[PDB]
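This is what each chain is made of:
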Amino acid sequence: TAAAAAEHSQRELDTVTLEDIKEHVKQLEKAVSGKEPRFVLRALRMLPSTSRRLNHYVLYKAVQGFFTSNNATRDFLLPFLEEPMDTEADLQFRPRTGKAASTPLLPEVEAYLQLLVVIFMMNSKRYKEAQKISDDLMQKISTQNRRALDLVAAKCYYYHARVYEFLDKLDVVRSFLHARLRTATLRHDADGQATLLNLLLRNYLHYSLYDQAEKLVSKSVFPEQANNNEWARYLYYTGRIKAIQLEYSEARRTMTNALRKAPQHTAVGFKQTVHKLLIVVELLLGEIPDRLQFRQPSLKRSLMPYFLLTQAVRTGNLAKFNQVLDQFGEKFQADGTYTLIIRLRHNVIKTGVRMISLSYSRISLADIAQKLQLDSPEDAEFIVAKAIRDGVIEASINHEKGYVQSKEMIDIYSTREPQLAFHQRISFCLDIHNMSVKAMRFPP
Amino acid sequence: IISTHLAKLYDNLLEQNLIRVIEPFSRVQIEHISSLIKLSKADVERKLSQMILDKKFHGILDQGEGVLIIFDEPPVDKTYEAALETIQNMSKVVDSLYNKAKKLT
Amino acid sequence: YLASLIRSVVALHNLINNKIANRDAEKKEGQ
Amino acid sequence: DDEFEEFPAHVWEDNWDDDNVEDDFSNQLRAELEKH
Amino acid sequence: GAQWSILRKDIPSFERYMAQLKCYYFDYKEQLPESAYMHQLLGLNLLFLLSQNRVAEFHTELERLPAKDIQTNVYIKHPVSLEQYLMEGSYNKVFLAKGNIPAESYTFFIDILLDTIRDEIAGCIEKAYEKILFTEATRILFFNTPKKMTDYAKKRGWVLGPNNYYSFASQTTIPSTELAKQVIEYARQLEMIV
Amino acid sequence: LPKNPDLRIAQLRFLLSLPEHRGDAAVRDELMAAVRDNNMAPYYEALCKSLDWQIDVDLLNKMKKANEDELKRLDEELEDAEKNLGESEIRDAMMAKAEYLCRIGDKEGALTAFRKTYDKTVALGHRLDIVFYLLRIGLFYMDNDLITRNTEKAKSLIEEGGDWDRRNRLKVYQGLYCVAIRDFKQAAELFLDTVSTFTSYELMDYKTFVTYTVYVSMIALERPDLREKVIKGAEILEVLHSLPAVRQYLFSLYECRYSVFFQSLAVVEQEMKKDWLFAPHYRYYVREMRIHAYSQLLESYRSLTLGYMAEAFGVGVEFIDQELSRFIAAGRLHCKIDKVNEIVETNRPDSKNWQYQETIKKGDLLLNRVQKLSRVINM
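Chains as they are written, first to last, in the numbering used here: chain A, 1100 to 1543; chain B, 8 to 112; chain C, 14 to 44; chain D, 725 to 760; chain E, 14 to 207; chain F, 5 to 383.
Check before you lean on any hint, since a few could be wrong.
What the hints assert, rightly or not - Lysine-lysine pairs mimicking DSS-like chemistry, simulated, CA-CA at most 30 Å apart: (1) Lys343/F x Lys48/B; (2) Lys1134/A x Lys110/B; (3) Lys1430/A x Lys140/E; (4) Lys1314/A x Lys42/E; (5) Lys15/B x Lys45/B.
No lab work stands behind these hints: they were computed from the structure.
Chain A on its own, in the form it takes in the complex:
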């Protein structure tokens, strides 16, 4: 009886998951009772695993008993979740047999449970009842002005946004999201503020409201106490913004920081995106990004075309460069790059002159021109001058006899800047120590 064996395995997994959910709701209730929110973040920490297992109808199993004191949820949840339980199921699991006091479920608690249901139907692909139910949850959260509810609110906002994105509409999300963001700024929330900022930024980006989003970010202050995930998203967004806006140095540093702060274990899609953007910005600025990324296991498949591109540019042959663009434009646009591809159409010569400068001190203008195939050896003068404008290289030029003098590098150590960097890091370390000694916890 393969069907019976599968049913038994599924049922035991269902019992385990129900116990886990009971533990999580215990975390929530004890958090609110003890006045500490972070336990909510803990309980949410393993949400991805709960979603993965997806508790297909263990949702129904749990809710049927969970939702009695506030059964007003039943009218909604039960019809949407059907009643597929096998007629024989001798568990009747529910908190204190559901109710020893029949008190209402705590806002955080039922919000989280309804959110789990939202996730279930999310992966179930039914985004009409799902979007309506998400909107209902949004009404709940908007009504419920409880601090600890902040984190659950942020997650609810994330997931509503995701479903509306799949519906490919947004817009109403833009407006409502914006209202919520202003609300969560008026009330000094940090994680929600950052999360909502990220969502709204991505919404602008999808429709390509780049310049408006630029004003938004510039005029909005990101929170420091935001989760690695949120910082990674926000940094990626700001990086794409500035890269399109022709601030390549900021693009590089910001996206590199984003990749550093991103988790290494997973999020391969995010890693691929960040790597693509960093690759392109660095290539524009001249630096040929290391081969470590290309040889990374979870990236080479996603980056063949970028490797072909870097090969073409390093060769400095527009023939293979442009034919590579021909072959792989579709994915290039799919990510959104052609603007940056033309920026490269430009910066090929910039990188050539950059390396030329790096490998000379007093080379002749005509020599560099013929080295770069740049006919009419005055176009070369203009090009190097523009390079100086940009700051890609540091070298004066003397047209009197036509030669570029590379600036004599100075002993930076014989300055104050090492002191400045070390002061910054000293403050960094002292702050880390102080916050840790704050984070000390002591039992009574």
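Go by the hints and put chains B, C, D, E and F onto chain A.
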């Protein structure tokens, strides 16, 4: 071993003569040193090259003006060296802490 | 700067130890 | 703790040394000596 | 109204009317049909932005454009190619490409682009090309007669060096108090019971 | 130890595979003679399939008939020992059949046979010898997975206990692996360690072995250690007396006699390309040697004329200019060029500057880790 012991004498004595003649100098003419030691310019500069490679005297040749810039090699900052080693060591330590935390969390 | 690194790392170690010990203790009182 | 669902998807370390050049030396030294 | 602003050379009217033009074109894409006289004016705005040197907003509106229209159209294409030339630095080619104007509407914005080019080369020669003489300056900076460049000496005239070299690219104090503050702060942080 | 297999067979195979060497009639003759004599039935079949050789029919038929007769008698002897003899000799019988599977070229069959023999066996020496056979096959067929796992098993056995003879044999195996995988540092270390007690003669001729030791050492040794080990190496000089070329290479480098160093490097490059083991490293090695030559030349100068570079290396000027520019771009040199006035300057950073740079980098990395962990925990 006059076949080659004479050669080792030649080499070590030439080294001694060069170190002696150059100690009382700073950046100085290679040709002038060659006249001082009465030996071919190419050979003297070459021997100086090997001496420098082996870190015998803190000096650097220059085939431009054709001179030899001597200097005083300052002590390497063992403070920085120990700092670098300690940084690697705490890399290991914090890695251990990280693994422990993930195991217990 | 290096000495500050020393201080920070040791403090962080202390935090990890205290956190895990307290979690295990509260788990015990749970059971 | 998070996955960013929004974003979907020779054993050694070498640089761009590939550089599609011919024999590193044989041809180079042969031609150089011929000229020289 | 936009073409009227162009005819009157009234940049404020031009920009405002083209702002409404964007708000109309890019807002209600499906509810509206293609505006036959839209890409021409939008490429003319490309030229406008390039001439004002507002490159950031220029690229923003580029990306907001549909991808294929970047290349398929001539009105859109021509400003883009000119911009690529300017970014590269082939200002000689830029000047040579004056004639290739898809629409006569691209008029006087070319001239704003020209004097913007002049200002760009001015900054170029300022912070680089040390001590350039008058003749080289005139031949490179495609100004008018040497009298007109003597007038252009209105543009701060550098100093003209000894021989009209236009000068050049113009080019301690222990921060004791501030460093003392920093170290005092280090000690403070090390010292509090916290 | 026995040629199970004879890796010169793989060398000949790679040679034949090489484009201009596909027409190596003499190598063809040697390889097919060896195939016939050692009964390389499956190995020859794979060989002719890979290189499109006309599949031998009649000679191969008699060859496979002999192979089948041998297999039948071997398996029958195995059965006899199993039914009547004890474990001690049954193990020898299965080991012998696995060895014959090697002597034919039954790769997976030999793998399984040696696996079972090791599983049953109890002698540590026998276990290590079987692992040696496995490793030899694995190197013969570049199955790096196989080599690494067999090395793992061999080491584990050794920490359990071992004899220095097989320690040396394992070190030689590991050095050959490091060479195959471009790990010249550990390769040279192990090669110079084992030169004292080279014993795995089966792997390769001693002369070629010391040739490889010299190459890897030059690559991965600083000038001092090179002095005390290769130039002053007792046998690393006695055998060099016999060697008429690598001697010149090494010394040309050491006493810095140049353009003879480059002629030697070009020669050894051709031979390195011909060799099967080093073939997927000859480009990289040649580049590295050229870089080392340039670095040694420059280390004793501050501003040295490009022209004099040209004469000293016995080459042109434009060629040297191109190479210097390329490697400068690579950033492996602390040197900058002047072309208007042909000269090269050395921008060697202060010890203080360089160490401060390293401190900045390492501090950034470790602080990143620290904030990461502090964050993961405090939240």
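> Checking against the hints above, which ones are violated?
Replying inline: 3
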